[PDB]
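There is one chain below, alone, in C-alpha cells, taken in the form deposited without the partner chain.
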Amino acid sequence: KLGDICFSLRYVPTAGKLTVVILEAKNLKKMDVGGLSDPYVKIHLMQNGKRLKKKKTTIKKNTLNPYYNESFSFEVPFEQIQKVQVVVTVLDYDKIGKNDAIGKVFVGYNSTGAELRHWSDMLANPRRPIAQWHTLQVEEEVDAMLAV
C-alpha cells in the first residue's frame, strides 16, 4: 500500500490543449525516519519511452495526505493525443539526497485498468474535466511498462 492520487484530465482538440490538475494524495507510504513525508508530485509527458516535458507541484511538509490543487497544461495536437503517456509520480522531498519515489501511475497510450478508463473518458468528452482517483504503483513496474 503506497497511497492514492486524485487528478483531473481535460483535453481540448481544436487548440490541442491537455490539462492535468493535481488535486490531492492520500494514505501515502512514510518515507522519513521517525516522520511522515514531504510529498510533491511530478508530471511527465512521454512518447515511445522518451520524456518530452516535465512539470512538478509545490512541496507539502509533514503530511501523508497532501492537498495541491495545482494545474498544468501541455500542447498535444489532436493527431498525437492518442499516442502519448502522462506519468504522475509522488515523491518524498529531501533537502540532501535523491528524492525517493513513493509510487506512480500513467494514463494514455498502453495504459490499463482504471488508468485507461480515465484517459478514454477524457478523449470521449472534449473540454470536460474528469477527476479520478488512482492507486500508486511501484516505480520498478511502471517504468518497465514505459521504457524503450
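Numbering follows the first chain given and starts at 1. Only residues modelled in both forms are compared. We call the rigid core whatever largest set of C-alpha positions still superposes within 1.5 Å between the two forms. First, how it differs from the form deposited with the partner chain bound.
Once you line up the core between the two forms, the Cα of residue 50 stays within less than 2 Å of where it was. Core-aligned CA deviation for residue 98 between the two forms: 2 Å or greater. Shifted segments between the two forms, defined as at least 3 consecutive common residues whose CA atoms all move 2 Å or more after rigid-core fitting, occur once only, at 96-98.
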Second form
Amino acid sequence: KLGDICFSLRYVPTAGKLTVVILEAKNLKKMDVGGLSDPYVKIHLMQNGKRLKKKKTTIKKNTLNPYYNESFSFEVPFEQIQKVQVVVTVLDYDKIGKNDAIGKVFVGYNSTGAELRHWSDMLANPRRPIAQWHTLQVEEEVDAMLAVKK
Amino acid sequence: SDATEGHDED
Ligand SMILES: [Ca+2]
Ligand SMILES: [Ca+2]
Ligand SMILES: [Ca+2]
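After the form deposited without the partner chain, can we look at the form deposited with the partner chain bound?
Shown next: the complete complex, the earlier chain at its head.
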C-alpha cells in the first residue's frame, strides 16, 4: 500500500566501496492534497543504532512513479561490511508542513527476507551491480528492526 | 549538523 522501490547494490571488496543506485519507485502513496507526491529518497548508512553517513536524491515533482538513476557510494571496509545497514527512505517533499515519509526499507546482514536476499546477492557477486525491487514498509516498523542484531 | 551530500559525480 506504500509503494515499491528498485535500487542496485554493488560492493568492491578490495576498495571497501559500497554503491547504492536508486533506480525507480512505483505505486507510491499519494501524500499531497491537490497534487500527487513529490518524492525524494534519503539513504542512511548506519551501524545498528548509529548514524554514520547520509545522502539523498533530487526531488521529482508531482509523481507516484519517480525515475532517478542516481548513484551513492559509501566507504565500508571489508571487515565491516556485515555490520552495517543501508536504510532507504522515500519522502514526499512539502514546502508547507512536514516532509512525510512514504515508506522505507533497509538492507544489510541483519535484514530479512527479500532485503537479506538482495544483500547476499551483492556479496556473492563482487564488483557487479545487482538490482532488485523492494516493498516499502512503514517507517516506524523498519526503525524498530534496525536494533535487532544478528 | 552536516549538509546531506547528493549523488556521485565520479
Ligand atoms: Ca505532502
Ligand atoms: Ca554524511
Ligand atoms: Ca508534496
